[PDB]
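Here you get one chain, nothing else, as structure tokens; it is the form solved without its partner chain.
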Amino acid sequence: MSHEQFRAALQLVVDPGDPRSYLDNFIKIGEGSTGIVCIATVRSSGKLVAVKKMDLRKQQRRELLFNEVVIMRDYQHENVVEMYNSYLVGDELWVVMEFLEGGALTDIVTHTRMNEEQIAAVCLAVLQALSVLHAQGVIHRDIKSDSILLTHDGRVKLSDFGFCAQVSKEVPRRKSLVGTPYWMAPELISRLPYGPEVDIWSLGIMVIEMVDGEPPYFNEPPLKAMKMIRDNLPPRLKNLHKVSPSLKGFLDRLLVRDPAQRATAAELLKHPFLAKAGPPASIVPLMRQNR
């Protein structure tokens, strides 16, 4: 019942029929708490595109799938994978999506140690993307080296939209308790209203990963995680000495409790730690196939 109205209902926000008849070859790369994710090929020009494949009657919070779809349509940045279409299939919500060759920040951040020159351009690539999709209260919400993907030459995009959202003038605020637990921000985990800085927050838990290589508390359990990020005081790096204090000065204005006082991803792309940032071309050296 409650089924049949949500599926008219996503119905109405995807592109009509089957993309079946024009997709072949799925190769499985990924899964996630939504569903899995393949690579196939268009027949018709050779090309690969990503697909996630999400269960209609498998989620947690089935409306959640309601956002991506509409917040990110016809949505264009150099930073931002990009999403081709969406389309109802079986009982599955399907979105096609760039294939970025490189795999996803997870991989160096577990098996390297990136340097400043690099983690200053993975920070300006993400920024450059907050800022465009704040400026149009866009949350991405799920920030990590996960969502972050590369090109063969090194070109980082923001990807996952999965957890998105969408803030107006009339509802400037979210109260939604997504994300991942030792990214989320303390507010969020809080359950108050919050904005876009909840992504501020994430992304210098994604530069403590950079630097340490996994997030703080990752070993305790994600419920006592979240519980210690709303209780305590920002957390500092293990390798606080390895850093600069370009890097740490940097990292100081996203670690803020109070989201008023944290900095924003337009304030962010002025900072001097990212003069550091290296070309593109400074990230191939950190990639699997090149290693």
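If you superpose the two forms and keep the largest set of C-alpha atoms that fall within 1.5 Å, you have the rigid core. Residue numbers count along the first chain shown, from 1. First, how it differs from the form solved in complex with its partner chain.
- Of the residues listed here (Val198, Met72, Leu149, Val122), only one shifts its CA by 2 angstroms or more between these two forms after fitting on the rigid core, and it is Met72.
- Once both forms are overlaid on the rigid core, the distance between the two CA positions of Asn239 between these two forms is 2 angstroms or more.
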Second form
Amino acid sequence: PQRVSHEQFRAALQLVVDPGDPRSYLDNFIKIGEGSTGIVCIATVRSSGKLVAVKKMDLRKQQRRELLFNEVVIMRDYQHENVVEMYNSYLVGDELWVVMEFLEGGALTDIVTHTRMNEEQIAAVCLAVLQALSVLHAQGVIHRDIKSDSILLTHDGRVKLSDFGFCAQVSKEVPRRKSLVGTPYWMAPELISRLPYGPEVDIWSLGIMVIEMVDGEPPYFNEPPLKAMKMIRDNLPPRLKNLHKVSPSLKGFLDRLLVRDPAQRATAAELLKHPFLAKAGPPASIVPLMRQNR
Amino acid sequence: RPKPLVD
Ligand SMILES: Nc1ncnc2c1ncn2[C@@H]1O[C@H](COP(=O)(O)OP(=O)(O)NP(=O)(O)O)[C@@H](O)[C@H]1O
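Please move on to the form solved in complex with its partner chain, as the form solved without its partner chain is already shown.
Every component of the complex follows; first up is the chain already shown.
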């Protein structure tokens, strides 16, 4: 039943989140963006005047309702310099409100679509993502939605992983996952073929994000999502537009990400040692790429 | 921007 399923779920969440209403300490709720699960606002801490982000998600308007536990749990258990800080989670009416840090630098998509990144900047982003993924993969947690949209920046050029709503977990008992979850263009071929998959799907997705940072778009981006998925399924791994300008350490790096067989694909822990990541620039080198500085 | 797929 709909009621039995909803009410029980709301009550479970109520216990999982913090009690009360964040409006008791927050002013100026203003929408700044929308996603898949819900909308995102900025708010003001009444006492200090400091800005925070608030993600509001309707319980009644989710495809897989149970995935909303991720929105709270992941940022709780996995505090990391490359992971978005979560302060509090609340239940307001039929909505889940997650209070987290505001990333003033915006999404990586904003940069990737407008300007071209040098290898120093690309390596900085890759290192940040992989450091975050290695901690997650070590605990069997798969992100499942790695893309430039899921990557956020500070004003000083630091890089953080976001959007943990699609996370699944694997363990000794649950070796692989089977669910079709993620964004079509970034999806791994084994996941599209509906085969049992592990954390290796994030590694492939990262490779697609590398193609983003170099070329501006994922492969088959002009194609319809459903049609483009079958293309990733049947074809050989996608290549960069022109390799004449890219360094061999970047080629070598991407060759470890975009492997069709997940068993031959490199793990996050392995890639953290790859020579390409040593070119990673300081946070300062990322700053010129941002909106205010274009 | 493309939207994610579930199920
Ligand atoms: N902490 C934050 N600071 C600034 N902007 C944010 C923050 N979190 C999200 N955004 C942006 O606000 C918009 C909301 O979309 P998003 O948060 O991706 O929803 P979503 O797709 O349901 N995420 P998920 O289901 O967890 O993978 C996006 O364009 C984000 O780039």
